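> In case you want the letters, here they are:
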Amino acid sequence: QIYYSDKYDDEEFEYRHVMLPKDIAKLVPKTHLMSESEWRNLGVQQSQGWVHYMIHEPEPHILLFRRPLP
Amino acid sequence: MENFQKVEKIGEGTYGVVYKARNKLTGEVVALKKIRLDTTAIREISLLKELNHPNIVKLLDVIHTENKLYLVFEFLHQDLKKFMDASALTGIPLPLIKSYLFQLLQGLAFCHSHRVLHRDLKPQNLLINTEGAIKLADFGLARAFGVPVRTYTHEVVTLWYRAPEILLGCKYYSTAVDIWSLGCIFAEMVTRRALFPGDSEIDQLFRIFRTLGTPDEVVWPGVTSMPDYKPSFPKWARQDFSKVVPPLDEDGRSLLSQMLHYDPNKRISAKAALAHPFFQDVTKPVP
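Heads up: the protein sequence lines correspond to chains B and A, in order.
In terms of PDB author numbering, the first sequence is residues 5 to 74.
In terms of PDB author numbering, the second sequence is residues 1 to 39, 47 to 294.
Please note that a few of the clues may not be correct.
[Said to hold, decoys possible] Taking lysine-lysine and the PhoX-like style, the derived pairs with C-alpha atoms no more than 25 Å apart in a straight line are:
#1 B:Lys30 with A:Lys237
#2 A:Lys237 with B:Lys34
#3 A:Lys242 with B:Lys11
[To be verified] So, partial list: chain A residues that the calculated Cβ filter (under 8 Å) puts toward chain B:
#4 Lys24
#5 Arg245
#6 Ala282
I should point out that these hints are in silico values taken from the structure, not numbers from a laboratory.
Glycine included, C-beta positions come from ideal geometry on N, C-alpha and C.
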């Protein structure tokens, strides 16, 4: 599974969020920002450059990615 | 419960099933809602039978029988979601829209004066009749049952109308949450589509930010006191309402803007919304 959100931008960043299934979500630590190797390990296929920059606590199964523009 | 005959199933709310019925004694049509009470809450909702207003769906009676709680209430033929679904190729006449919002603010203004909130206001609990009237259903039920992530038929509930403070984790939230939900319903009644249709709580927040600008201490003092505020949220600017809600006039935009204010404290109240210039020419055309 794994829902990949549409990309969205602001002035100096490009974004996207990924929603994880219950299985994969049990592998993501509590209040932890991940490195490419760590989220790629979860199955998240994404280009290089994306940064897990934030965690919305009420929905810890949504991975929020950021990447500087252009 | 034996006095309700000719019972037909109308639909499914987020609490239970809704039927159209007939009172054997009086011969009137009525609406029933069977909320399966598996596991005070009844005595408190019975007290809601005391809150009458031409714009509040009349709670005729509450009946508790063997693990079932039945709400006998006033019958209205359609809700706003269905009415907007059907008016998709013409929309709703601005005069009807101005009339609806006006009546909606008198019901909110009534209930709030009695410290009764809705908290989970959606177009679906907004009931219409053939005479041009619109009424609010389900006020005060959320503070007995609480509104869930999923319904009784496990359908996914609507985040679309939630206030930003609820979304950012505020525990001590206002009656201004209802004015927010109603400001969303207003724009939707005007554009025929939800102003902020998010797929998650964070997406719902981002949706709000893209249109209204990302909140900070300038536009929303005390926003940094919200449990779920992060200084790294995408940074957006407030969009121009003449673009967002095109048909609406300057007064219609001014009010929408004030009902959608970030700071709950500065957000217009139902009472003050009623005195707004927009309603200077309110009529009352039929559906």
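> Determine for every hint whether it applies to the structure shown.
So, going through the hints one by one against the coordinates:
1. Proximity of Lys30 (chain B) to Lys237 (chain A) is assessed by CA-CA distance (about 24 Å); at most 25 Å being required, the pair is judged to hold.
2. Note on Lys237 (chain A) and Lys34 (chain B): the hinted pairing holds, with a Cα-Cα distance of about 16 Å set against a maximum of 25 Å.
3. Between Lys242 (chain A) and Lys11 (chain B) the alpha-carbon distance is near 15 Å, which keeps this suggested pair within the 25 Å criterion.
4. Interface hint at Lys24 (chain A): violated, since its Cβ lies 48 Å from the closest Cβ of chain B, which is beyond the 8 Å cut-off.
5. For the restraint placing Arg245 (chain A) at the interface with chain B, the shortest Cβ-Cβ distance is roughly 13 Å, beyond the 8 Å limit, so the hint is violated.
6. A least Cβ separation of about 37 Å between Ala282 (chain A) and chain B goes past the 8 Å threshold, and the interface hint is therefore violated.
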